[PDB]
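With the sequences and hints as input, model every part of the structure.
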Amino acid sequence: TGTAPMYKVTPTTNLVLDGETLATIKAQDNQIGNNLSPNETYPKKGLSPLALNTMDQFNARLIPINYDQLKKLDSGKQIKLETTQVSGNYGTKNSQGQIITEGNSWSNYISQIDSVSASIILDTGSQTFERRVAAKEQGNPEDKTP
Amino acid sequence: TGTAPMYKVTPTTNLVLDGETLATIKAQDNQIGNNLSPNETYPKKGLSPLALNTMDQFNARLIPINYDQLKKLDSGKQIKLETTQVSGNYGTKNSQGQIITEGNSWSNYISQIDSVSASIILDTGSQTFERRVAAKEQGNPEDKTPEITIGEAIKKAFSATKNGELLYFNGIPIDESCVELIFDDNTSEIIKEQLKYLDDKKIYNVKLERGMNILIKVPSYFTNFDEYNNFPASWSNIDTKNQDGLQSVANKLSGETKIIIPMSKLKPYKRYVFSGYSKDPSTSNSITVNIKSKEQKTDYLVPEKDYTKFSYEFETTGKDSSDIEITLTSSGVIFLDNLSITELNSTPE
Amino acid sequence: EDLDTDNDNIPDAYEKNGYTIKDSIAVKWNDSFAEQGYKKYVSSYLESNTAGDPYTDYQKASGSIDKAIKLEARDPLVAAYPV
Ligand SMILES: [Ca+2]
Ligand SMILES: [Ca+2]
Ligand SMILES: [Ca+2]
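Residue numbers (our numbering), protein chains in the order written: chain C, 1 to 146; chain V, 1 to 349; chain Y, 1 to 83.
Calculated directly from the structure, the hints in this document are not laboratory data.
Where a beta carbon is used, it is the ideal one built from N, C-alpha and C, also for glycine.
Some clues are possibly wrong.
Claimed, not checked - Ranges of calculated distance between the beta carbons of each label pair, as one might list FRET restraints:
| # | chain 1 | residue 1 | chain 2 | residue 2 | range |
| --- | --- | --- | --- | --- | --- |
| 1 | C | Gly97 | Y | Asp23 | 32 to 40 Å |
| 2 | V | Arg210 | C | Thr3 | 46 to 54 Å |
| 3 | V | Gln138 | C | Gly91 | 49 to 57 Å |
Unchecked claim - Coverage of chain C stretches by chain V, computed from C-beta distances (three or more under 8 Å per stretch; other residues unrestricted):
| # | stretch |
| --- | --- |
| 4 | 101-113 |
| 5 | 118-128 |
Rendered as structure tokens:
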């Protein structure tokens with residue numbers, strides 16, 4: 001819901017059941033989205049959602065739960081999913097004129113963008129748009145932000 | 001609680017149960033926080049805490065315990081978590097103008113920063129701020145680090161506002177007479193000596209030195225008899241028609257004064273300190289100090305010609321227990337100002 | 001007032017006395033500047049990083065550091081240090 005696309009989307013998600021976090025899973029090769037344009041989804045609108053069923057680095061270990069959690073699930077309780085952080089890359093140009101995204105981490109700019117901007121969200125009922133607008137520091141005489 | 005953000009936060013934690021360390025876990029891909037701004041948390045305020053349940057490098061091996069440890073856990077014993085070290089990165093700029101954090105290790109500077117700085121911690125009751133302020137080496141003629149006082153260092157580190165002779169952090173007065181100062185042995189030793197050669201005896205005027213450890217604690221309750229009084233009850237036998245106060249007015253104690261502190265207004269099994277400022281030009285009268293608490297203590301205070309600070313400790317036991325009483329009586333004529341109650345560390349139950 | 005022993009982009013005389021940053025240029029301190037919101041800075045003329053943090057005195061004073069760092073660390077005597 002932003003203004004720029006994200007490359008190699010690697011979200012981190014918490015699975016919470018009845019006040020306890022079952023697991024914290026970071027996306028791996030099977031769960032990484034190559035492209036994610038603004039106002040779009042991965043997978044796309046006409047496709048089925050992707051499956052997250054592994055917790056290790058090589059997509060070889062399943063996510064386990066114990067007996068009490070299984071009994072809670074069978075009693076009608078539901079598991080909630082929360083997003084803690086998302087990793088991704090942006091595109092630049094090199095001396096050869098080719099677009100490069102490797103090594104261009106969006107996390108290097110998240111804190112700086114959030115520190116010097118104000119957040120504006122628009123909700124038209126069906127869609128949501130989030131924007132950051134730069135503003136100057138209150139007490140700094142050397143800040144020349146319009 | 002620092003001044004700079006950390007990137008790729010990788011803490012190391014010890015899990016201790018009944019004097020034995022069950023495991024030492026270093027954060028892995030599933031437990032690494034991308035961004036951690038100062039005065040913020042990962043995960044954020046509205047999110048659930050992250051799950052640490054693996055001990056291997058690839059998040060594929062769970063953390064086991066043996067039969068005796070399981071029996072201890074089932075018997076009511078609890079596991080404690082300690083932080084031994086935290087890894088992270090800082091941001092720089094390259095020739096292409098892009099921010100780079102890879103290869104910029106915070107561990108390369110931790111020892112150097114701790115070696116040449118003094119530590120100042122501020123605790124306003126709800127939040128905590130930790131700062132390092134540079135100071136020069138005592139014996140090195142080639143060290144050109146500027147010298148500042150303790151108050152100047154505090155103002156520089158916490159961005160406090162000087163509206164005159166007053167210091168405000170975020171609207172909370174952090175003046176020397178309005179906060180509780182805690183030091184270790186060496187810092188207390190230098191601070192008390194330096195004062196014995198100064199016209200003023202203000203600690204905030206003491207020159208800051210490398211290796212000092214200073215803790216400032218904003219009081220839970222405070223009264224100066226001018227504009228602020230947040231005690232859970234109302235003080236008995238208070239005289240406000242005075243002009244000989246520490247800042248504006250004083251409380252000339254003519255008789256006995258008592259306060260009622262309900263046990264619901266104080267945290268259980270905690271050590272509290274009652275502090276105040278006294279003055280007696282005659283230097284003849286004496287004050288009796290008595291506090292009814294978990295244990296009742298009786299003490300005598302001899303005031304001086306000018307204002308001096310007195311502090312006494314006490315403890316609590318149980319949430320649903322007897323009430324708290326504090327009384328102050330003087331045989332003759334004394335002055336009282338800036339009465340405060342502060343919460344120290346928590347005594348184990 | 002043009003000697004720079006540590007090559008930290010601030011002259012030694014400016015570091016021994018006060019100095020401020022205007023238009024990304026280090027200039028000598030006048031008292032009247034404090035009325036416009038400028039802050040007086042002092043640092044060691046023999047050390048490029050007085051506080052021992054990965055940022056130099058000029059980088060902290062001028063504001064050329066990451067914008068998420070608190071303004072208190074902009075003072076050369078206050079180190080940028082995460083706890
Ligand atoms: Ca007063
Ligand atoms: Ca210099
Ligand atoms: Ca310097």
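For each hint, the structure was consulted:
A hinted range of 32 to 40 Å holds for the C-beta pair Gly97(C) and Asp23(Y), which are about 36 Å apart. The hinted range of 46 to 54 Å is satisfied by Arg210(V) and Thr3(C), whose Cβ atoms lie roughly 48 Å apart. The hinted range of 49 to 57 Å is satisfied by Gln138(V) and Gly91(C), whose Cβ atoms lie roughly 54 Å apart. For the stretch 101-113 of chain C, the assignment as covered by chain V holds, since 9 residues bring a beta-carbon within under 8 Å of that chain's beta-carbons and 3 suffice.
Counting residues of the stretch 118-128 of chain C whose beta carbon lies closer than 8 Å to any beta carbon of chain V gives 0, which falls short of the minimum of three for the stated coverage.
In terms of the numbered hints stated before, the structure departs from hint 5 and from no other.
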